[PDB]
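Just the one chain here, laid out as structure tokens, in the form solved without the ligand.
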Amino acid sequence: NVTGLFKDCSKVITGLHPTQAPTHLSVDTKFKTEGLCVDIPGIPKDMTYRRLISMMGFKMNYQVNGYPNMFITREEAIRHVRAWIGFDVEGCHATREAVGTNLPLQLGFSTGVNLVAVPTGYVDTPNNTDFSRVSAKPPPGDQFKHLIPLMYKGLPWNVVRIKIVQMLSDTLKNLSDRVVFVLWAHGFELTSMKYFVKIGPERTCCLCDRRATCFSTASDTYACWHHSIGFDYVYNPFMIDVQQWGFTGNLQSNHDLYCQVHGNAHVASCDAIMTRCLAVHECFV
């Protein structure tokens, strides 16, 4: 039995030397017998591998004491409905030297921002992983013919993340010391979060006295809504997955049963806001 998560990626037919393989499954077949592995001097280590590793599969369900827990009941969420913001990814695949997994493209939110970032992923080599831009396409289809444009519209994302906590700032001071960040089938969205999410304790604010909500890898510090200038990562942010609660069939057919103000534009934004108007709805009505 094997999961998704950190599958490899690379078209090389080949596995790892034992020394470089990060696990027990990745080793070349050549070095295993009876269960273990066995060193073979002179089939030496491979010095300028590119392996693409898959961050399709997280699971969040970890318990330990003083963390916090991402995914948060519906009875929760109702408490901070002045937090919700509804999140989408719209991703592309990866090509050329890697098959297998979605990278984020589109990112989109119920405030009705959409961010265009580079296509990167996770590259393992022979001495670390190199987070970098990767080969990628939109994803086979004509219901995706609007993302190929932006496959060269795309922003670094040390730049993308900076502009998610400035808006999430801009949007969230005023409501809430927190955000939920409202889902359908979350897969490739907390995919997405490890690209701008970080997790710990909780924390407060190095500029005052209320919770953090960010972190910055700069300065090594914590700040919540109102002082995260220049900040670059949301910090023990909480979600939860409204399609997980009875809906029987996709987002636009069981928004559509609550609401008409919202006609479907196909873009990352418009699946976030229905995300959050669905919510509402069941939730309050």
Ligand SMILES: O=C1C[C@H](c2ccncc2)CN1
Second form
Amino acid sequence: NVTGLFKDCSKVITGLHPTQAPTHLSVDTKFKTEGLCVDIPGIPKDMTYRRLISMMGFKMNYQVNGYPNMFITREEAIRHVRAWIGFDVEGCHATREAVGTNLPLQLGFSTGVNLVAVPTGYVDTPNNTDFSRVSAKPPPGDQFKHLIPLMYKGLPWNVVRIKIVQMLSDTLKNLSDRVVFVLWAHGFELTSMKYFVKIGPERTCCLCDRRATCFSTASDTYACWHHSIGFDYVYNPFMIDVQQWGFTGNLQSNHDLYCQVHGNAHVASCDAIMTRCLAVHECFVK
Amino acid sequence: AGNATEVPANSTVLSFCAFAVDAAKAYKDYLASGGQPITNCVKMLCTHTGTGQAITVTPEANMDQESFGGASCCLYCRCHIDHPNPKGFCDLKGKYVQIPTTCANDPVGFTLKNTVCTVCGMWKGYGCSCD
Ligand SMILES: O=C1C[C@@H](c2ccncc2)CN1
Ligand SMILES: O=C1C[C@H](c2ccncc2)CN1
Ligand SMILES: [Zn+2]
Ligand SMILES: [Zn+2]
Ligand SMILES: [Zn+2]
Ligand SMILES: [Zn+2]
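Instead of the form solved without the ligand shown above, give the structure for the form solved in complex with the ligand, please.
Zooming out: every chain and molecule, the one shown earlier first.
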């Protein structure tokens, strides 16, 4: 029994030296015997590898005292409709030095904002994990042709995450004390959140009694939506996957049952606008 | 395409710690709320006639210890997150780590909570000959 979370996407045929492998599964077969691993004199460590590790498959089903649930019920989401931000991500595929994972490319929100990131992944090395630009290509097919020019218009992730915090803060500061990301088939949106979300116990802002919605790696401080200028991470967001409410077909077909003013322009922000709009019609209309 | 590194019993804890502002505190809290320690570490077969030093080039477990691959006992390596070191490099990856047998059910938790003596090379409270 294995999971795809942290799958090694490199094209190296062999596994790792026992001192460098993060796990028993990842150790090369040559070192495995009698249920465990052995050090083999004369078989050295590898001092130049770069192995892309997949961030697909996160499971946020922990129950830890003092840490809030990220995924919330339909009833809780309805009470916080003013915090709703539709979110969708279109990805690109790892290629060349790696294969088998999706990297965020276009991040779209129900505010109409699309942000484009440089294709970036988590590459294990002999010394650490290097968060770095990786070779990538858009998926093939006419439905993904619009992503081709985006491969060379991306911004570094340190810039993208500041822009996400600023957009959320400007949109929500007078509407809610939180954000609820409204999603449709959440797996890749949750993988993309790894690049701009941090979690922990509920905290208060560094300038008021409001709950903290943002975190700064510059000072290790917390802020609400009003005091987050320059902050780089979204802190303790909430989310809900609308697809889990009993719909059968794709997003567009279910959205179109209640709404006709949102035409499909095939872009991340459009999917994010449709997801929020479908949730609003399902919970508040008639 | 690709080769799995992880097992499902570790998905929740690694996801929780991969998103935390403070991963070490998150792992400690996860255990205190009843979670299972991280498994699928790299445990070595050895002769248990080693020096007993904490961090070594080859396995050095004495009869009171077990030897593990160093990266596999490092929370930051297991979650593929930043190390809290100044230059962001790991002191366990590329070495073997000796862990007291009584603590070998949670090697990751052991390395997070304990300190190596720089004078004698042994863990403080678990072998250090200085104090
Ligand atoms: O004997 C082996 C281990 C395997 C591997 C699994 C996970 N990560 C890297 C490599 C490939 N060859
Ligand atoms: O009261 C509102 C709702 C509106 C909005 C629209 C789409 N996504 C998020 C928020 C902004 N102001
Ligand atoms: Zn504030
Ligand atoms: Zn609509
Ligand atoms: Zn490490
Ligand atoms: Zn000592």
